[PDB]
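This document opens with one chain alone, in structure tokens, the form deposited in one PDB entry.
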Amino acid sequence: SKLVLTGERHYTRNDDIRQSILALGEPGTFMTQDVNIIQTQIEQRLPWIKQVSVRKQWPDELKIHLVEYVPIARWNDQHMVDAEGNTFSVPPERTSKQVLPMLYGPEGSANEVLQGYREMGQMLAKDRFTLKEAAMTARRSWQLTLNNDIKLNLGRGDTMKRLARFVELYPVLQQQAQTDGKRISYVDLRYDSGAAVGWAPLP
């Protein structure tokens, strides 16, 4: 029996597969096992695998082809979400030097959060602001973190009007922080037509 492993692999390493197999049969090998259980075992021991196919090719060969999920953001913190809203996780020894945007929300809200992250990032992009973090509460209030580390508190209201107010007001907040030797730390927008600004000393 030869075991042929194929597909584009960014997180899986070969011991992940062989362990899934031995942990089911024995220290001996694998051929006329059920291909559907070899497939199910691998789906369950490797939660970052989005698709795996297991197929017997004679002479004597078992061929496994892998498709991995691809993260576009960390989800809450220890997990990850892809561009279609799917949730998965990767042992953090293997992801500890990646730098991804950061989403947060209640346990089944990834798609909703990712949608809001997309829409709001679009608007901030029209003014060359870029979104590093986005958190949504069970009540569906929003807080954003720019790449320049300013936090924005949007609460629950028309988040897009409050977003536009930040951008309008930003040049004076920056002149003001410029003048007093401080840095902008956050901008609370949860008012009818104003903003409260918290400062911080310069790093």
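Only the largest set of C-alpha atoms that superpose within 1.5 Å between the two forms is called the rigid core. Residue numbers count along the first chain shown, from 1. First, how it differs from the form deposited in another entry.
- For the listed set 51, 57, 137, 178, the sole C-alpha moving 2 Å or more between these two forms on a rigid core superposition is that of 57.
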Contents of the next structure:
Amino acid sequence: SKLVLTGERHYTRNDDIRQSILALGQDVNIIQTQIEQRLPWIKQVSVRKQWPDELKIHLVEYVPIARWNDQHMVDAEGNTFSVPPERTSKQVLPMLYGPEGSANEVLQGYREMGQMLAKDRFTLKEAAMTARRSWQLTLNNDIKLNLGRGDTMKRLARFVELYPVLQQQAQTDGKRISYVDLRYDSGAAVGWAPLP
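Having displayed the form deposited in one PDB entry, please output the structure of the form deposited in another entry.
Single chain only below; no partners, no other molecules.
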């Protein structure tokens, strides 16, 4: 059972593989599946046996693009997985939120909207879809955008077209923009906060 692991490890420790093999008390198919079953952040694993007494293991992990709800994570391709927080918390990632089957759907929004916002240097820190399919975004500068259920792109354009006049308005009265609520035909409501 002498062990040689190949692959781009970021989350999986040696001791995870050691303790998956030790867990059985052997066959290359059984242990591949067992690594799968005990490491939920493994996407692919191939286990080739090798003389003398070696197990050469190829590991492919999921690669989070975002935290998903809070405890979990989601990769670019819509995969929902979990890493124990101990190994996750030095990372700074965007937060996605959705009801439990909806990662692919939230991620699709997240891409479209984040991409639009990137074109004027706003970046998405959180994006939250509700069961109702209402959308509430958080920018890096902690401005929350309330998009509701409708045309989210059109309302997001409103925010961008209207942001400069809010920033001088905020400058003047010496206050930060707290949120922008775009649940309107053609308008937007702006909540303010004291400066930090």
